[PDB]
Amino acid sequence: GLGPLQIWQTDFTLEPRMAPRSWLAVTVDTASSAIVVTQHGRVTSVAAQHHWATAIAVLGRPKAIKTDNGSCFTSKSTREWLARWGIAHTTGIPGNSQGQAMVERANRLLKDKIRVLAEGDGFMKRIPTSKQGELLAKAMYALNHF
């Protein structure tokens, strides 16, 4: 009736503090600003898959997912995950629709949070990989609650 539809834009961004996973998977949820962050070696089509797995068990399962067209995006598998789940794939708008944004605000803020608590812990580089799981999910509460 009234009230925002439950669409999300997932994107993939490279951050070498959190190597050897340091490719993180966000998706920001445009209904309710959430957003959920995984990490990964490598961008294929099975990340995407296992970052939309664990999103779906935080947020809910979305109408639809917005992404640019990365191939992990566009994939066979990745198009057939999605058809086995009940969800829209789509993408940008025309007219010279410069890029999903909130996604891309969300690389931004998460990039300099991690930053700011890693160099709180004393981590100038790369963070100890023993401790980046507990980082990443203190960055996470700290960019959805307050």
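Numbering follows the first chain given and starts at 1. Between two forms, the rigid core is defined as the largest C-alpha subset superposing within 1.5 Å. What changes on going to the form deposited in another entry:
- Only one candidate in 99, 86, 120, 41 has its Cα displaced by 2 Å or more between the two forms after core superposition: 99.
Next up, the form deposited in another entry. The previous block was the form deposited in one PDB entry.
If you are looking for partners or other molecules, they are not here, because only the chain is given.
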């Protein structure tokens, strides 16, 4: 049982094609490379908690999650939510540089796939609100192919 560590990297990335809920919260399980994404109207502490509750239902509970120092991830509210779950959190090392690189790469592959799938459906600018969820789901499936 000397298998990979159950550690996640999480980040928010802006995607105007998904407006009005244009902030995409993306989590990469570093142990399997699975990706989970959710959309939100604003980046708050509560959006990050909503995102991780879903990721937890999808990937199970991690031992730890690594984020940057964005304030939605470092407020007291977030620290308490993570403590209630027993999940450890680290924002890395002060002036990390790298070490968030996997989720930054997932952010980019994700936006590219949304753009090619959207354009494939004839949406060259914003994706109609009513079509967003299924297209976000399709991009997520295309990047995991469970």
